[PDB]
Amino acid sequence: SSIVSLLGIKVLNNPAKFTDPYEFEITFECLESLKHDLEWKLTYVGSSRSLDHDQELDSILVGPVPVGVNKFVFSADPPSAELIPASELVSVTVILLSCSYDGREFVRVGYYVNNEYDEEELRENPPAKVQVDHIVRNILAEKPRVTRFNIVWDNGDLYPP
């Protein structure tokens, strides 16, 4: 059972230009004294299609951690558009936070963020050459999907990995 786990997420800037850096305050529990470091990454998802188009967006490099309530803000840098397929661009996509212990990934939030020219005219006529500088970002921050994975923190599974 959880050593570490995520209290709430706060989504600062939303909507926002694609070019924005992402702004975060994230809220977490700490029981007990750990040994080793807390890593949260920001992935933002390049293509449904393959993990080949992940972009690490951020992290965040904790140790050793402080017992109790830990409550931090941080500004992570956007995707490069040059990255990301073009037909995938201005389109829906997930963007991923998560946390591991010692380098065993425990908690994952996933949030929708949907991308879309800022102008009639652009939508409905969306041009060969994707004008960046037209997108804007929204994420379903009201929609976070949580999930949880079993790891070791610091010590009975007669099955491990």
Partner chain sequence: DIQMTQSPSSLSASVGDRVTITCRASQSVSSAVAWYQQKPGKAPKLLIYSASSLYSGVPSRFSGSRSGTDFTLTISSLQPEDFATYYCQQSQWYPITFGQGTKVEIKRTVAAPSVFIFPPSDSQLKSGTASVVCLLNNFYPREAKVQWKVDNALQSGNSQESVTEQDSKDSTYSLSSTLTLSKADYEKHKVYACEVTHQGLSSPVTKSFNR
The other form holds:
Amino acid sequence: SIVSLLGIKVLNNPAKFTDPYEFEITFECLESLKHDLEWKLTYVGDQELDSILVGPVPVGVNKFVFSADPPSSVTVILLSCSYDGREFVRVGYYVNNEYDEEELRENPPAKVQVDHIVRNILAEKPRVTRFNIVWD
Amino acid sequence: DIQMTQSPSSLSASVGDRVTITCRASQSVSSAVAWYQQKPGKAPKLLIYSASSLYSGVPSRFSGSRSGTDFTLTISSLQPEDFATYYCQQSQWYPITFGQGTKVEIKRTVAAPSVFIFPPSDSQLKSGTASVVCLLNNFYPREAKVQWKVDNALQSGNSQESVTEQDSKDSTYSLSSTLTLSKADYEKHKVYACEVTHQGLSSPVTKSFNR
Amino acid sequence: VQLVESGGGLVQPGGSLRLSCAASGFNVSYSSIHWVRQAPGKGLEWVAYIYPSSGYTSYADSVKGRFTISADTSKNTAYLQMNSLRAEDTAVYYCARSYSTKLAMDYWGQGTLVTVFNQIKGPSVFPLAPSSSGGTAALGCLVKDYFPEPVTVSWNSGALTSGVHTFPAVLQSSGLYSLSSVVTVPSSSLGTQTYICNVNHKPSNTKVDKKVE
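Just the form solved without the partner chain so far, so send over the form deposited with the partner chain bound.
Shown next: the complete complex, the earlier chain at its head.
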């Protein structure tokens, strides 16, 4: 495995439902690679939120920020990385979505008020899954 | 480690001109690039973010684009308020980094400097030092050269220059050269001259006095 | 949306200083607050940021281990604790906000000056008198041997601004600063109009009004 995920920081958390996701990603690349990394963020209520390409992959330990666009109960976000279109790591988080204030939570409206939803990504409980792939 | 190499460091243009500022990322950046405008003594102002998104209230004549690792700021049709310093920025990789900046200055016709020479004051001499000041006032372009001469002996490494920025009214520069002498040395010589070479002059101009 | 900075001023090498950044009109919890500094005559340098929501921070290599950024969401305020200060930390420090712009700074404070000085010295002021001409005459004041920056120079108590050129200070080899301020005036004004340069070096509490012939 040439590339390894070393850590993820969920920077803006808690945030509003409509706020973008700002992640700090730390990874290590042991050797020179021919192709691109693609980092992807997926919403699971389902829809791909955003992605970012890194190419050529800088060797060594690298730290970067990934700003993913927002989407449109408890839900899940998946942060994955692929090399040359082959997925080798995935990090899943559970997300608690609740209303701003006491009365909205107890008496929620029929037509949901997106602007009053605060999401809280449970960043201490990531599910990390690795897959072995061909590299170069 | 990542560098944002901004070029040019300065450029001259006229009202209505289309100007282009480039900023090269030393490694791949997806979209987290911004452009800022700063005027003297003022806080910077955000123009473009995410490489090409115009920020609210910014005139549409500012636009950002990208070609590979080259990030470009275009000002279609300069206005007089657009002459200022501009900075690029990347905020994908650690650490956030600004470019070195670009001065967008006003192009105008060539103007020769008005040269003045000032002897050291009596109160300064009484304290044992002599400062001879030569003033090149309201000239264009910035390129200018001052040569000090003491009894026609060309001087070396005993002077310092200072330059203003483009005047807001007439778009000219002014320059100050200070020849520093000890009192003992100053009392030795007689003719203190200041020779100015500049584009707007057909031949060097000299201003001098006798101690 | 306002960002108000405070806590700047003079400080000695090795000492410490705390800058504050009060936010109005938005909740800092939903943004990141940044510090950017600009040394005199230099370009912008990013310093640090903090996400008050998570507490996560980031520091520039030039200040990491010496500066510490923090935030208090209940007061809607961010702080920059600066320790182990060096001369090269002298600069104007800006507070700024980033929200949904991929860490671009959309709002900025007006800035506060931080000056790291080892010595204080007030300047001496000398006239720059002309000899004897055309339609324009030049005169000025030489402000010599002061530390640290800045000095402010006005003419006729601020009444005279047209034609004034106050040059940036040059650091002499002695380690002290020096600048000249000049004004060009109509030759017809000489002999009827009086020209006084008002020099102010606040670190040394020096105030000088020098009449120039």
